[PDB]
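Each chain is listed here by its residues.
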Amino acid sequence: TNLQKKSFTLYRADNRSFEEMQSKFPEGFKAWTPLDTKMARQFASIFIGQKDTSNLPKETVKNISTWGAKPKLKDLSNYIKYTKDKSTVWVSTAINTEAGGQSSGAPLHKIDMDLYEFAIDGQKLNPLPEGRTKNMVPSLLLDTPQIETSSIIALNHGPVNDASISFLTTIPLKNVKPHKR
Amino acid sequence: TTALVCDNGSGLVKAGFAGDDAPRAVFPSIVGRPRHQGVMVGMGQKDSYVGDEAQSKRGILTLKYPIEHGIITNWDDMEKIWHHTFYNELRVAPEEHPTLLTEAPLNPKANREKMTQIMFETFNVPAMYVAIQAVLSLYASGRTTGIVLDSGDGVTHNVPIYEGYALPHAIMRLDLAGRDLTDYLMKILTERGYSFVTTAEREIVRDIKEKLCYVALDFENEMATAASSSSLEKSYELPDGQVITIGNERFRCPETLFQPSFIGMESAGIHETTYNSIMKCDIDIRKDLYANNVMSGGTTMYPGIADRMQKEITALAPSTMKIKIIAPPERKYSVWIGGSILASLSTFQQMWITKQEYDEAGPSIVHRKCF
Amino acid sequence: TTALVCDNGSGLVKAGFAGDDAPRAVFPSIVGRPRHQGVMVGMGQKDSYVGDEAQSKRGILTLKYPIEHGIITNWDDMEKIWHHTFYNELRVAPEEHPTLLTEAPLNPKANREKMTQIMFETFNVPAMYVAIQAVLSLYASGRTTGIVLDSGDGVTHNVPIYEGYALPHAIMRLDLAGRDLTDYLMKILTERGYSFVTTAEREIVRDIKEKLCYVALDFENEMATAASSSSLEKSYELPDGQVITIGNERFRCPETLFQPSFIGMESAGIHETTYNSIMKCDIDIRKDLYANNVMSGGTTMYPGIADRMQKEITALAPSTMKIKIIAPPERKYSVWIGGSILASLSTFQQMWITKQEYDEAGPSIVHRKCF
Amino acid sequence: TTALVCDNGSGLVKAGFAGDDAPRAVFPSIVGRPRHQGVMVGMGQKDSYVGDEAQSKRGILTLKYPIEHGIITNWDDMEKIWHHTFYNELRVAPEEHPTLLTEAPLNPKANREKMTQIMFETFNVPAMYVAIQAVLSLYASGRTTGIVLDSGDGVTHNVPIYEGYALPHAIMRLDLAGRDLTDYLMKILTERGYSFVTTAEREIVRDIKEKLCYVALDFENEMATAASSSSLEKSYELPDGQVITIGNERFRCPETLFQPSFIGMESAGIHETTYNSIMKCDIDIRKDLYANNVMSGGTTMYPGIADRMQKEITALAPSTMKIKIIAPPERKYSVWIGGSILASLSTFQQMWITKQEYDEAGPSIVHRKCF
Amino acid sequence: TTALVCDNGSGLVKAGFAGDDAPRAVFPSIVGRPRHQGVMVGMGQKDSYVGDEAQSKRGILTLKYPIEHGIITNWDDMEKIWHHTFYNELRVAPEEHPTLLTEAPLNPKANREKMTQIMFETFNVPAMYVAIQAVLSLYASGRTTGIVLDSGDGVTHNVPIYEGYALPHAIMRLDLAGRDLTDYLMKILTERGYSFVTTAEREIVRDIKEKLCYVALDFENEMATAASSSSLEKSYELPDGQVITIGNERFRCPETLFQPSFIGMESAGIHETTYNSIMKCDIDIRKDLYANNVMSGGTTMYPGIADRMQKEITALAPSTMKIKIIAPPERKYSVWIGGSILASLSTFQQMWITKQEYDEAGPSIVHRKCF
Amino acid sequence: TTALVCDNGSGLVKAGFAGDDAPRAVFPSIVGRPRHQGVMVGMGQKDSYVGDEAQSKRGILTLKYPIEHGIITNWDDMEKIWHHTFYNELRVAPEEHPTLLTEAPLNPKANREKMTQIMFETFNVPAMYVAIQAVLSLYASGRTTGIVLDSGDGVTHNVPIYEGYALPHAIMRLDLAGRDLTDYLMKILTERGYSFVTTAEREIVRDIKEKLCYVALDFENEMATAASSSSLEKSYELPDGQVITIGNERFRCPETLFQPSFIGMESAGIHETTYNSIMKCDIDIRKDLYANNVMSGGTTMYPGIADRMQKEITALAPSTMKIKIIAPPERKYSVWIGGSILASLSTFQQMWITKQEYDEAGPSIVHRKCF
Ligand SMILES: NC(=O)c1cccnc1
Ligand SMILES: [Mg+2]
Ligand SMILES: [Mg+2]
Ligand SMILES: [Mg+2]
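So the protein sequences, as listed, match chains F, D, B, E, C and A. To get the authors' numbering, take the position in the first sequence, counting from 1, and add 101. To get the authors' numbering, take the position in the second sequence, counting from 1, and add 4. To get the authors' numbering, take the position in the third sequence, counting from 1, and add 4. To get the authors' numbering, take the position in the fourth sequence, counting from 1, and add 4. To get the authors' numbering, take the position in the fifth sequence, counting from 1, and add 4. To get the authors' numbering, take the position in the sixth sequence, counting from 1, and add 4.
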């Protein structure tokens, strides 16, 4: 019964220094072993259900096999937080320049996004004009009022302040500028 | 299926339902019995009083702590706390739900066997798990890497964690804790000349310690200033309406943490051990740990403690390298909060040790699972 | 239709597509497995790590090279290198294309038999060829009469070729390589007294070696000057921000190549072997090879080494004859670049050995193609 | 040139010349003022009477001590005691000599600040030193490693010393003393029903305590025997010619020191504290302190007290280790005797703080010199 | 005329006259200064205490070693050690005699520069020689071909010698030593739950290690047996008369030398290094070095170590070849004993480097003679 | 008066008295000097070592042969060989007797010039004779028409003689020898993959060659059988107890002598040369030499060599004529044996050139006597 969009400002600190990053990538920031956008939409769909098929890198198939019961969102959030090698299929983002990583000498890059936001019982995605991002349930963010568009899928989990957002979808230079270390 | 989370802490014990983000009860982990006979007929007095009961009757009463540093010393009185916890505060039966229990990083094996044996045989619980307190704290900050610093009501200890691997050899323990700061605080008030003796009087001091006291940014200049200027001075009023005044003493307490030599303790001030634990790491990781550093537990709550820490490691200057401190609010609760997250996770359905499996294995399997 | 060009190197491994002029991937040929349990639930740890991952996680890890000199000792780790190479680095499926593999000029037949069997059976390639590194290096300058010197992470070897003919009797081998310089450099840094032990420290040593070090134009006069003058000394900063200073060691390392007696190796300094291998030529050819001489591989990369080679062989003076060195830039890549060009040629379409033919012949025919 | 040594005690005050081996004056530390009019004209009655004079007029009088437990409450009247002491008791003028003064081991700064200020400003002495009773007691036997016990009319305290180093943290103080035994004996005699009230009768109690009373080796066997047999009873005759008999009361008083709970005090019996102070010592020295242990002061005067001390510490059994007690005769005088011996020593010419330095520094230097 | 033989050891220091066959004094290399103010007048306290005095006063004190593996960090305290050694232990004046000094086989030049400079300037000696511990150890049994294993309080190192020629490249060093075993034993006793912290307790730990501990002949069977049977346990009594019992720890400690991975040290267990050092020799000598093998230094003292060493190196089985161990008695003294024998020999009259020559040459001549 | 008999060999040197039938000493013709500093005092090391001692010390040492093919390269060391021979090996003084000295059939005049000059000036001999090995070899069976084959460590050569007249033109020499077989054997050992490099291993190669290796009667059939069958293989164990296995190499070695093209040598196989030397004779003399032809020396020791020589020249078929070889035992000694027999004969009293005549004439008279 509503459409509203809210806009979020995000920082990345990375050894692909801006001038080189922009030189080598025409296509901005990406994961090591990225899914298709179609496959990533399937993956995000599995949290609703319809899990009868898998098409994606087998290591992640092992992870989702682990999460047999419904409320996949918690285990997904944990797994994406702690796993760190090349196998990962996402990019991870920090809101406050405090990133849990090199966080020094690394330049910092600034990205702006406008999004719809959802909290999930396990079967529906439900409007959050009030954002409810202080209670430490995960939150899920979509480009559009339904899963189909799948142009960005990103979720937000952590404390209210030390919050972190991660994306199953390319973050092109179109979104991104150089920013003040 | 909703697990239950229950905590053992040398000062305070916190009780939770899995999936909550705040504990439903907190009470002092204290066991008490009356110092005098009592005279009115039919008053129907209990044998003993525990937790909150002890504050109301405090004058008539004698107090024990069942916890010392990282050791339990009095299993029957310790048992009485758990008994009180489920029935009165939560009003839930133990077999219904699994239970979660916490331990300091290095303690003699015998404690975990008793805790394990009692939980199955006395409370007939479906399942029980044991977890190591420094690790749970990291879950509440939720970063891949970070040195953990803990100081609680009874122990001080360090554990570095990198990318999910602990390094058993770098673990360091220091027996400097809130109890000693309180004993030290009794002697400086003795300078003014108030009498304070016996545990009941001892606890009244703790309130002043928790409210008024603060860290100096430099001990020598601040104390020289305080000798000249009244503005530091604070005055305070007891439950009996007698009134108390404090001077240089307000800063003198936190100074203990940086110079045990004031109290004749010898194992170095916490930064110096903290610096030593990083130095005992491999030459690569050292850079990465300056990058993230985590503090937990009631002793950290004091104002300004983080500021003094930074200057100390900066003064050690392991390098021309950036140094930072993560001192998030709600720091005291964070150790419980992490337990709530971990109880929700799917994978634990593997980790839960069943009553049936414990009966098959016997106790020895329960320690082997970890340190 | 584009065949594949693949390289085996004691330090670095290079993979190529026909028509590239720069290697598509290069990464350290290292395989690593974890030293510690790991503790955080759901972390999803791997069995093992390879290439850059091992550098990123270097502190927690223990490191192997699957190569010795030119021997291989651990076939499954080698396979894991190839597996990771094709799927992650190239993202091309192996059956698509025939495959090209490289070996040092004298190595025991069993290695090539293993590579043949594995390449056909595991990766279902259409055809396979094996090729001898000096020749591909020579293609970088294509001269139809050539003398070749190679020194890589694990071997130093000689082959003269005339009008497209190599001379088996002239083949000479010296097993002095970067590994020996690294051990020697650890002992000389021990002279100042810094600690360096275990593989993680070994890689930092290798970085210092590549950045700071250089060849002396005369060992005795330079070292006598260095004893007086500070100006030679250089200072450098570790990942830990600890800082390092170097003196005589900077020239003293390369001197090993000119005097194996410093390390107790006995086969003469590299110029003396080069001259002796020429001496095994016919009395006519000697002039023709003094005129042009070809060098390849990472050890040569150092600054000024050719100058000392020139002065030393001039002083050896096989005759009053002109002396020259062919030391082209970007020399390290040249072995791959040459492999790509020769891989392009039509005749290789004759040379590609099919799986069907391998089953008909058996393996021995694959050795038969050359020495 | 003979300095003067002067002692402040809630019961007895002692004045001395260096080289004496018995105190030149001892008198009850008592100040008295008349409760009644008085009737003979021109009798020229005083404001107050002191010591034996005050004992002589005891019936007409109401009585004050100017000190408690350590603490002075009336600086001008205390001064009146000192004034009377210098002029009347010793018949020597006070300005003549430097002065030596004693304090219990932990008391609020104000006592030394006032005593310093008053003694310099009023009596204009040339130089001064202040000394701490445990140390002076230790000089009585000069042994270089000692733990010391004193218990007087107003304080009981312990100090371990080893080889001339104090251990600031091990110092422990307990304010349980003979006055409390006097109250306890008053309440049980009220149980039997003799009247005892007002200070004069309290002085009678003190006399009766000193003559009649003795220590039990076990309270329970003592009480079981005394309950049957009169033979324990002893009889004594008052100044009023009233006559007194004692039963269980004879032993029951000293027994209190081993169980403060009889009076509802909580801080453990003094031996239990001494043992706690030993446990609060370093783990090496403890054997050597069991090796030598020193007892002093009027409470020790009781018969048999060493035996009970021995049995209590043996039953605590810190180990199967030798334990010993030094209970020399003339123990009461020993704190002064030691003060005189130490007063003779040459090195003290450093320790005497001059009036001139007091005017330059102000008082704080006098506290600062030590505890 | 009798030259002097002097030893530097991270635990014990030994001083000798040429022609003695037992060291005249040996004492722990420890320097200590007081932690507390001190209180008794005229006690005349020292600045510091050394050797046995420091052991006697151990409780009051905080303790340093001036040695690190093979490094000195505090030249003045080391000097104070020498000062005490010459004047007190030998009671001979230093100028009288030429001097003999010992160093671990690979240590930074600055140590020999300081020892030379200080010995000449402070002790005005006539002549000096510096000597390398493995060689002196070999003289203890005089075999003209030897391979030597030494492990002392701070370093473990290997030297093969053949017919009087050393091979500089085969020398291997490992920084695993008694200090690390002591830290490991402290952590495992904390596992049982006895308290041990601060250096004073550390020396008690070293004593316990020396008495109770022994090597296991098989780790797996021994630990499986100990898990079943109490009978292994042994009990021992502290200076405090508190009493201690030990179980699995008894074998578990020495096992560290064969598996550094227990403590996270990485350079392989000592047998594997010994085997590698022989393998790093030429192919002829290898038989002759399996033929004779020599052990020295306090770590070897353990019971049964030779049997396990023999079986482990036999299990590597470089061949069906004879293996032998030379474990002569008085093994600890042998490093000094060899120095005494070699000091007796005539040829040293060439080797003594005079003070006059050192002033003429400067320091470098004393280093140039060797490493 | 008993003359002395002396032999020159790139491997072995033989010294004799006329009328022995076995040489009193034979030892490897090797001179060695030390590669390393040496450290043990008084070891009394030599400058250099020669013969069997050098084999004993082989590992510590670097090795030279002072003779090549038929040339001396280091006259002073060669003299040291002779010096050691006369004094140590023979224990006879050289001046006593005339002396007999040997040269291969074609070597530049300077060698005889040096031997003559040195023998006269240094050894003060009375008279001297020089003798040529082919003739002495022929004397072993005294047959009046003969062609002779000898092959040693550095040269292989043939001489036909008829009825006591030499044919200056028919003498043929070939410098293909055991050293070249040693190089081939090293490359084939590299085929299997054992490491063998540096002189110490080289001597092991020579031993292995002498025991294991044998001649094939036809290379192609032998290799076809050996490719299928293990049964040919034999296994052998080094001084290091390392163990070696050999296959095709066992026959593959001797075959090299018949096809130099395998090693890149160009001068035809040796039988073809022997036949070529035969071809410049008349068909009768050719006939008489085909009927019987004589072979000597270590290369002949191989099993079956007569069969291969016979069949190869038979296939050459100079005619339908019988061909034979006389290869009697102790064949190696025969050149000396012949020298001794010829030394006995009366006629030699003419051949001895006196020292006086040499001094008058100079050397050329010594040349004039023969080639
Ligand atoms: N490089 C970054 O900003 C970052 C933020 C969160 C997690 N990992 C990396
Ligand atoms: Mg008193
Ligand atoms: Mg030693
Ligand atoms: Mg010969």
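Simulated from the structure, these hints should not be mistaken for lab results. Among the clues, some could well be false.
[As the list claims (entries may be wrong)] To give an idea of the chain D side of the interface with chain E (calculated C-beta under 8 Å), a few residues: (1) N115; (2) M119; (3) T194; (4) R196; (5) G197; (6) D286.
Positions of the beta carbon are idealized from the N, C-alpha and C atoms, including for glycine.
A quick look at each hint next to the structure:
1. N115: violated (22 Å)
2. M119: At about 27 Å, which exceeds the 8 Å cut-off, the nearest Cβ of chain E leaves the hint on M119 of chain D violated.
3. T194: Nearest chain E Cβ about 6 Å off; hint holds.
4. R196: Holds. Min distance 6 Å.
5. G197: holds (4 Å)
6. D286: violated (34 Å)
The structure fails to meet hints 1, 2, 6 from the earlier list, while all remaining hints are met.
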